[PDB]
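Every protein chain of the complex appears in place save one, which is left out.
Letters A, B, C, D and E name the chains as they come in the text, with residue numbers starting at 1 for each one.
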Amino acid sequence: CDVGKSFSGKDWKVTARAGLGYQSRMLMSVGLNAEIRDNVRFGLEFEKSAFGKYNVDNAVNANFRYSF
Amino acid sequence: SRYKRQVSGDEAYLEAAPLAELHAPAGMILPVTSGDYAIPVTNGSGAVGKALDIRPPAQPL
Amino acid sequence: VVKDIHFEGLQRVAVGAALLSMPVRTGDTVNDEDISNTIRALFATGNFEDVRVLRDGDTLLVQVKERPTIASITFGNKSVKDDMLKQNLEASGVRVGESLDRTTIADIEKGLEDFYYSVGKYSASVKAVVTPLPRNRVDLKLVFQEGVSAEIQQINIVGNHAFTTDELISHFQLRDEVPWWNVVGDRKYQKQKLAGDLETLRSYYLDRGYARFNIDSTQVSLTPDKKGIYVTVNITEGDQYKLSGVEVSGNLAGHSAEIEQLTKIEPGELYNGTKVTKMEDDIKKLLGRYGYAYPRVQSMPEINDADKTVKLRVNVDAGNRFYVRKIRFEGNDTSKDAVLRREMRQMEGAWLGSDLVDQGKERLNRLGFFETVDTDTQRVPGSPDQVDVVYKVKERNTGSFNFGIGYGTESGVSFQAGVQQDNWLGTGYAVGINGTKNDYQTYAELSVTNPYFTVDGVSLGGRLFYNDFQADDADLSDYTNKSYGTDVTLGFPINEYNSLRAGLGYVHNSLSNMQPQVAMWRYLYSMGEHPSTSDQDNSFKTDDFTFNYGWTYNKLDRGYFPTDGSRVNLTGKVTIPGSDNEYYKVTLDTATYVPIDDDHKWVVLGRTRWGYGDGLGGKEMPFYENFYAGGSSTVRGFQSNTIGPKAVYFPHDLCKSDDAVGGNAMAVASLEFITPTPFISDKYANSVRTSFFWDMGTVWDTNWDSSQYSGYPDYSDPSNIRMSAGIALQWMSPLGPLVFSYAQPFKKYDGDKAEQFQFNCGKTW
Amino acid sequence: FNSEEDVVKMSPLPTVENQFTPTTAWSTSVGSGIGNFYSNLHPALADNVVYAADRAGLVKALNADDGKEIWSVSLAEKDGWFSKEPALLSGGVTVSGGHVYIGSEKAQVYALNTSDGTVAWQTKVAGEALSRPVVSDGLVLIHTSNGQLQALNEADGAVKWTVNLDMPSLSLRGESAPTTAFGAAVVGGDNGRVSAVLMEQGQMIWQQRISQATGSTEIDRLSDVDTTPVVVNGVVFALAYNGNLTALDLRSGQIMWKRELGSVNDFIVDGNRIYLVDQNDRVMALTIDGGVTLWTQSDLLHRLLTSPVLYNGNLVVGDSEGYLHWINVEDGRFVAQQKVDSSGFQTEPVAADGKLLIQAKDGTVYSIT
Amino acid sequence: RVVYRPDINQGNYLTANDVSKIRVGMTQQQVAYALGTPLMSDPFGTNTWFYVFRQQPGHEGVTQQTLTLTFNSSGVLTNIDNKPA
Partner (left out) sequence: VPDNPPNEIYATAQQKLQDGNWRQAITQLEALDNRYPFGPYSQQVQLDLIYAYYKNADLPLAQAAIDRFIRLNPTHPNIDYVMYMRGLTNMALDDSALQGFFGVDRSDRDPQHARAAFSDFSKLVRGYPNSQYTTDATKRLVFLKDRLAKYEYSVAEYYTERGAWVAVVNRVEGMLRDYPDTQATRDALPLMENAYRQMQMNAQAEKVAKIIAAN
């Protein structure tokens, strides 16, 4: 569902974005991502899911997209 | 930066199967050729690979 | 009179290269001509311009001023890739470690200034700065203080009587207003794009009969602060027109009957432009079929304004044969050759089919491995008939690595890995791993697939997995489950529309912590065991050798915002004997589009789904393979899966509930009538689309003993259908393709629910 | 993001000082508006009565003193349902006889009736009529965006002739006004030249390339010269369409003294003094005879200014934030400053029979004392 | 036993009257000018050109209008033959 607008940097990349999806249970979230010049794009994330009856409140997330 | 193998050199290109030539049976004749072609023997003693010293000539003076 | 040379410390050039044109040649007496000659030589070489040469005795100095050289670059730029500027500066005559004279300052200055002008930033100031470093060196200090955007203001038109300006713009690229909520096109200035806009507008006129239409001018004004640009266009709408036959004429090597048949038309009908385009291209296509390589189609009109009718001429010619001799490749440094061949539609040693090579290039690009694919058709020396295409490609890295870590309140410490490798060893194959576990799930899998098991397109794919759901929401359904297994498959196109895939497989499941409810109990009773139905510490194992087979389809006109075509589907299974749960099932889907209008803005939509699943040896199909229905996917209004029967919990007499349980008999259909936006302006009224709808649905058991449980809503009733109706939007957001939906189910049954609102994302299925 | 702005800014506020008591009288508004679009629609005045306009909609008629309207006419049209197509008026209203004239941005030149507000007629034209419609002996000639200096007659609403001009590829929004002389008309162009046409037939006899224009063609360029030339004693003081100011002759129109100390918006003359706007707020002054600079103040630099107008010993100027920067006739101090509106000033004011007026962005009419 | 076989086709396209446009006693030049250049020659001695018209649209048949023709030691035509098979 949720992606952020155009954000990046010169030798870096700032990104601001929220999170949902059509999809596993419901996926409510928000986070960011940072890119190194060549390969790695990654950031941090907070989440909120819906496990069956009730809803999952918390989830933190690491990321590492190491293209190669 | 995925190639260091053929950089320090190795005796890989060595011991490649030397070249023989076909020979035409009767009637027909093998086609004439030209182009990419080994130079004549011109024997020397320039060693192979690590047995040779790829080093910059001295001064040059 | 002078013989000695002078060169006061050349320090960078050869001395003979400076004595080339010196008039102090040996044995050559020197005069005022010597002064003229040495001045002209020192200036012609242009390396250095200092000189002090006169008629003075035996000595004669020819001095030199050495402002070079420079090796440094200073910026400067703020929102442009510096290395691109480096390239452009190379294209001007300068580069690191090289001589440089101030005649280049204004050159590069205005070069980059006009560059920024082209980009639209019509305000900038590039400062050339050099600082003497020892005896030759300087720095290259460029600062870039520039304007901002110079954005558009309005795009008006004069003389458009037939239509209005709004719908005309629409179509355009350089939109006027970027709404805060329907961003589909964003506004800048691209001098080059104005041309494309002009052309698409002219075409838009030429596809209605306005033959004599022509633009006649164009102004791009500018406000005196370089913030808002204006743009205007003038036209002459002329009138409509008609046709009278088509008059193909030329040398066609025959080759006429199919031509004429390929060109028939209804007289007295409105001239069309795009139809003429399609027809001439189809002539080109037939020629390519017969073998010729480079045809030609030219259509000048021949107008009778008085008759409001034009007799359209067509003059064509074939050309020659142009055989292809050897199709090479350039670039595939880590991707095996045999790949880049099988993706082709032009076999070496044949006649060259232009469209074939282009369809190739298209395919190749679509393969995804590469990033940049360009062609060529160079000719062989000597022969006038043979050529040999080559393909310039530059691949990019393919495989990827992932890693993530987390932890939650209702979720343990997260873990996440996997080596997604796309083009393994550049050998067509594909391989990846995955993994995730907080507390309740332990998903992991393995991937192996070869898209070319045969030389034709017959794919092949493997799979292994592990699945250990561990839910403990004490008493809803929460049947704890560990399960894993593997399977292989096939798949192969037949008509670039249809497809088949018939996979084998194997799966082993482990039920655990079952709860008391009759349906599952029934299944078990038919499985041989006899669980004491008053305690929920339960478990069960199984193994079955499955079998898959399916068939797909697509005929949609477009891929985005469909309007006409279809999408059918099918999938069935069967437990091969030797298994332990003899069952089988069949699904079925269908999408259908019919444009009730000829301008393709009023379309109906018809969806349907079906299903059936039954056991064989009096063994009910295991409940962990049951159908469902209800939700913003197939049956609007309700919640997800709300439809269908409900469990019956044993007492620890009986009772009921409302939590859905599903079953094995699905059926659902729907209808829609697309309709435009009757409110918003047509500046962007094409990027929102909606309809009305009136849906259906139903789900029921097949083995329910409807006799004993008469104090309960019967479930062998296959007729309990629940219908709904409403409207729903669809338009791309700054966030993603969204589909709002607000209906209100008029009908229902008991235990069901209603969910008035429906917010989804990208129902691009 | 709010971090994408890089430009040479302006001076915030000039040196508050209120020797005089700058005062307003009444403030009526005639509906939005002018918006952001650059235009030339300035409000006019006739014998105790004024008439305003707007960008998209209507016109009105008001009293010089009480700000109470007289009537109101719109020029839109229903289209489908609840649409009401815009009218796009962008040519400053003027006055002659018992009528008005409006340059719209769709080749229409409406011409309304004074008393009631009815359409005497409406004549389609070439190009996009923008500039200030002027009257001259029943021939209300107007300029356009295609160089086509048309020449319309009032009673009929019919063309009389058409003298083509030139244009560069890219252009500043140059909308030179016309000028009358003995039956010969002199008008600015959009290339860097000025021509002189005789009215009765539409055939020019004389031309001169005074200056240059903007756009990859760097001479004094960023100058929003209302290229309106004025003439005294035949010797036309037609200043520079883009900055190389020059004085020229009636018949020949040859350079009297080219002093490139200009980059203009508009100007006036009073006997000896001339007042300018050097595209960079560099207000100055000079004598009729030739190159001099009695003074120059530029602390206003880079504030968006409007063309000035004489007012009983002071020059009045408008900023892009509603301020009236009253100035001594000579040097050069700021006799008065007064904030009036926060909408935005972009058009020109006007003075006649004491009655002073100006338009805002949207809530147009103010009645400066 | 077909599944999906994209087009197949080989060199030296051919019509009917074209081959009639040659006959015994012609040198390489005019015959080349008639029928383009041959895409299959025998490099094993005897100067002979092999015009083979083989197309296969898939699922059905392999038509191969084979045509051979030999030249004089100087290159003049001496014998030909058509063969649709």
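Methods note: a contact is a pair of C-beta atoms (placed from the backbone, for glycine too) under 8 Å apart; a residue touches a chain by one contact, two chains touch by 3 or more.
Visitor: By the contact definition given up top, give the residues of chain C that touch the hidden chain.
Guide: 11-12, 69, 71, 97, 136, 325-326, 329-338, 341-342, 347-350, 425-426, 455
Visitor: Which parts of chain B face the unshown chain closely enough to count as touching?
Guide: Looking at chain B, the ones touching the missing chain are residues 1-8, 13-14, 16-25, 27-28, 30-36, 38-39, 42-49, 52, 54-57, 59-60.
Visitor: Applying the definition given at the start, please give the residues of chain E touching the unseen chain.
Guide: Interface residues of chain E facing the absent chain: 8, 10-11, 39-40, 42-44, 50, 52, 54, 56, 64, 66, 85.
Please note the rule applied: only the chains that are shown with their structure count from here on.
Visitor: Tell me which of C-D and C-E has more C-beta pairs in contact.
Guide: C-D
Visitor: Cα centroid separation between chain A and chain C, in whole Å?
Guide: Taking the average C-alpha coordinate of chain A and of chain C, the gap between them is 22 Å.
Visitor: Indicate the whole-number Å distance between the mean C-alpha point of chain A and the mean C-alpha point of chain E.
Guide: From the centre of chain A to the centre of chain E is 64 Å.
Visitor: Rounded to a whole Å, what is the gap between the Cα centroids of chain D and chain E?
Guide: 82
Visitor: Chain E: which residues touch two or more other chains?
Guide: There are none in chain E.
Visitor: In the complex of these two chains, what residues of chain C are touching chain E?
Guide: Residues of chain C touching chain E: 253, 291, 320-321, 323, 325, 345, 347, 349-351, 383-386, 456-458, 492-495.
Visitor: Spell out the residues on chain C that touch chain A in their complex, using ranges where they run on.
Guide: 397, 399-411, 414, 416, 471, 473, 476, 478, 734-736, 760-763
Visitor: For chain A, which residues are in contact with chain C within the complex?
Guide: 1-3, 5, 18, 20-22, 39, 45, 47, 49, 51-68
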